[PDB]
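One chain comes next, on its own, written as structure tokens: the form deposited without this ligand.
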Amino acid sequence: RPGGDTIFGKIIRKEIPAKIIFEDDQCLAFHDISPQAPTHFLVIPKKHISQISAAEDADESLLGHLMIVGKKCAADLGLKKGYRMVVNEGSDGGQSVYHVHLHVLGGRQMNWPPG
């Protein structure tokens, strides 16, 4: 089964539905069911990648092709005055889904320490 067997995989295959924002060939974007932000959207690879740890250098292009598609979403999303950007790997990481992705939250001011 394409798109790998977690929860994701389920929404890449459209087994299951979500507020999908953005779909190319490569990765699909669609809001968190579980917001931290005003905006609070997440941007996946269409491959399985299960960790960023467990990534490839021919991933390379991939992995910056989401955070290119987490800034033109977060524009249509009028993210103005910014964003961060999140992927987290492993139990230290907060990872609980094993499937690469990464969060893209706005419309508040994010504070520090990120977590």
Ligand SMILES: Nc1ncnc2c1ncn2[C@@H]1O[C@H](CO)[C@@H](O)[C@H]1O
Contents of the next structure:
There are 2 protein chains.
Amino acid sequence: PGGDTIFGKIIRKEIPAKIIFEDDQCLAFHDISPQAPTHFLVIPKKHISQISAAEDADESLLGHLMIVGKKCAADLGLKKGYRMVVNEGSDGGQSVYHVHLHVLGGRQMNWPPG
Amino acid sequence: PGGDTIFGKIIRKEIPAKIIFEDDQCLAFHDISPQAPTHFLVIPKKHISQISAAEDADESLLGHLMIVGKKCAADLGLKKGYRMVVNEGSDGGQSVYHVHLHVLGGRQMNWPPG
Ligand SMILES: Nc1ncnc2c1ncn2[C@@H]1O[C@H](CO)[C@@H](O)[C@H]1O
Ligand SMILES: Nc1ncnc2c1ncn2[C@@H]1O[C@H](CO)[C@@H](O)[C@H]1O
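Could you please show the structure of the form solved in complex with this ligand, as a counterpart to the form deposited without this ligand just displayed?
To see the whole picture, the full complex is given below, headed by that same chain.
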């Protein structure tokens, strides 16, 4: 359960993370290389390698990650907003093959988004 | 139906857009100010002003936007990957208050994501 990546280890608690939310579907934790004053990840407990591998039946789970991200952003005081990011594959900058939603805020986010 | 923003006008077809996908839940169309060789938006037909205003019952719809984004990215040949972005509020760089998912690819996306 949780798969064979860094994030599988986090889900199994084999290594800790700075956990800010947990429910039966997902986990949220602070990013170890933050790119903004607040930068956290929301990950499903189900191992989905990448967004391009998600199936139709995963829609509710994927949307759950954004609703959790909204809740966590509010808990962390992101009153002025935030940016949500999912990276796919090489061009997207994905390095860990377990779906993860980035939530960044606490500063003005620029454009383009990379 | 569709709300009182630019994107409401697009949903009602009062102004055209470069539509690449339509179903009963959402619309996808090319962005008018592209930041990558492929840059399109996926929007719900339901007016949700911003991700921070989405409700729990919207989870399936939000996840549908990413699954549509995955499908469109494949139709557009984004074999090397892509980045998905949702902007919230001022700090997120949101300018149109109707939820929209950006999908960018056809080049290496950089880090940080703005
Ligand atoms: N042990 C870890 N805890 C928290 N974030 C991590 C860990 N390993 C990698 N990351 C974050 O995972 C992301 C992968 O997209 C990165 O932003 C990276 O910094
Ligand atoms: N008529 C339009 N058709 C397509 N994209 C648009 C239109 N108006 C604004 N946008 C795009 O909407 C986004 C709002 O985040 C921008 O990336 C902007 O370029």
